[PDB]
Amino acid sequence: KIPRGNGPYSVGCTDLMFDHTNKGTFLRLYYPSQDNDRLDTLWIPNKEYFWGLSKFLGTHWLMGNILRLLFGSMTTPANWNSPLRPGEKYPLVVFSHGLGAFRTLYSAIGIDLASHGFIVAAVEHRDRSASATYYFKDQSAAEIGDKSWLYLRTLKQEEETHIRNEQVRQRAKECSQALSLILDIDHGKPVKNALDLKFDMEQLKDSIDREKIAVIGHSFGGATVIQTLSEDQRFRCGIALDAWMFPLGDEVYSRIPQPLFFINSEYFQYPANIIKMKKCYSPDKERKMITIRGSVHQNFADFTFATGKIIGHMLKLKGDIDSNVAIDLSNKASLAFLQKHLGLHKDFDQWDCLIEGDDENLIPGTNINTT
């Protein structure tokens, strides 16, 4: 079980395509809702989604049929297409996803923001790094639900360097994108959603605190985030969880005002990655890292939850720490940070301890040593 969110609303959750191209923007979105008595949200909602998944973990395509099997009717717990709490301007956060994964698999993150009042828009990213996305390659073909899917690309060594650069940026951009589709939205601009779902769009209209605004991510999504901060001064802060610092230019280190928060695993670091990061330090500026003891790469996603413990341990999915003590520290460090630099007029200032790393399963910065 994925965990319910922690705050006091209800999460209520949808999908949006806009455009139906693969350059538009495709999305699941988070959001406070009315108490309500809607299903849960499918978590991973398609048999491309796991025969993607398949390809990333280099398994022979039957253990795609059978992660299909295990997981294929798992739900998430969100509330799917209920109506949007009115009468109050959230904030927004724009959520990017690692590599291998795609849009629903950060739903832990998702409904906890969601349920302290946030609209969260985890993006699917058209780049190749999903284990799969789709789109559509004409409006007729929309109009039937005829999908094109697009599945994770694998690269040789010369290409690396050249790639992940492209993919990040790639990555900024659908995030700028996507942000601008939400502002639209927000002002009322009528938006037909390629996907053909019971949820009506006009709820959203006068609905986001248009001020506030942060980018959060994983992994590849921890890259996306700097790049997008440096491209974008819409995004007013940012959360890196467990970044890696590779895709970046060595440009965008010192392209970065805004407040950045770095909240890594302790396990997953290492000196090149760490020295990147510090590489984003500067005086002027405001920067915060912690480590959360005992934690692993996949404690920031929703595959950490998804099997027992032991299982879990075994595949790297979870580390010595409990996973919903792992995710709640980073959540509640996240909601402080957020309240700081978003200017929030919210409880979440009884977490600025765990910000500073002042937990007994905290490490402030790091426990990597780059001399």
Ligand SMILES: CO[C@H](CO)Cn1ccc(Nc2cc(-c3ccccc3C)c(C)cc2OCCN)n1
The other form holds:
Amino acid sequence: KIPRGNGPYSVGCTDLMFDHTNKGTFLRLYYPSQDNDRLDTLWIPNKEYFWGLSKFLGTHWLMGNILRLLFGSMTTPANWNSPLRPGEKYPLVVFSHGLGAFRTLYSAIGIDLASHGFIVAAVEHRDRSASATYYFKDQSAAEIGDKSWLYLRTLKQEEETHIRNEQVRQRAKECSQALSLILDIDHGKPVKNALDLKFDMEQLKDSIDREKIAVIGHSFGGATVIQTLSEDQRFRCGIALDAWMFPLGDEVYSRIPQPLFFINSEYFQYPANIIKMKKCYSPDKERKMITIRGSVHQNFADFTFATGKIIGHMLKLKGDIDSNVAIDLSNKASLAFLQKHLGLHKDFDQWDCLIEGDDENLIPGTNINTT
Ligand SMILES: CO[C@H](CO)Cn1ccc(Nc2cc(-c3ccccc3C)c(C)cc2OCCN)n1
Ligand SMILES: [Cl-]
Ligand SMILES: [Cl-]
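Okay, that was the form solved without the named molecule. Show me the form solved in complex with the named molecule next.
First the chain shown before, then all remaining chains and molecules of the complex.
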């Protein structure tokens, strides 16, 4: 089970694609919902995502069919296409997935943020860092639902520096474009969802607290946080979840004026990666960093909830720490940081102590020795 969210709000989920092309925006939306009696949301909604996942894991596509047998009917606890809870403007998180991931795999985070009164746009990237993604070749294909699939690109070592940087730059543009789409929907622009879904986008009119925007992301998505902040001042702060810093260009490090929070796992991090995070530091800039004791890279994504404890540890999906305990720490510390730097009038300051790593299961800063 993916956990249900700790906040007072019920949670809805839908998908938005606009336009229908490989250059349009594709996102999964999590939002405070009016109702709590809908079907739960299908977690991995297409067989081709399983084919993509099997390629990312270095197996034959036929392992994809076995993963689909084991996991293809798994749901996540969000009310599919539930009406948006009316009467309040909601702050906005744009969420960026990791390498080999896609938009639906960070529902534990997306659901928890939404249960606290956030709208969450989990983008699906078309830079070929997703395990799989889809789009429509033209208007005809979109009408009849003829999906074109785009699979993970594997790189030779000589391509790494250049291609990861091209990708992080496209990822930032995709975050900015997703922001402009949501803001235009908030400002009443008619948008026809390229997906035929029973959630009217007109509900979102006048529903965004338009100055309260953050970008959050895991791993490749953590580097996406930083590139996005340096390029788009509409984002007011960022939270990098176990950032993979390698994609970033040398130019970005001195160019991040917004508050930035690094939330790390204990076992993922390494000196080259920590050195790049420290390069973001400057006396005039707000920076915070914590490490979750006993945690692994996968504690930030939904695979940590997908299996039992023993299989979980073996597959490196779980750490020594309990998965619910770890994600509560990451989500609560995130809520307190967002309250501080977005100026929210909520009770998230009860977790201010966590921003400073003051908890038995937190390390302030990093366990990683550099120099
Ligand atoms: C969230 O995306 C991360 C971003 O960092 C990248 N990513 C993709 C797949 C993966 N890991 C992984 C997943 C699965 C899996 C696949 C489908 C359904 C359920 C599960 C559980 C299994 C069996 C094994 C897996 O890993 C085995 C090597 N350690 N990570
Ligand atoms: Cl790890
Ligand atoms: Cl290193």
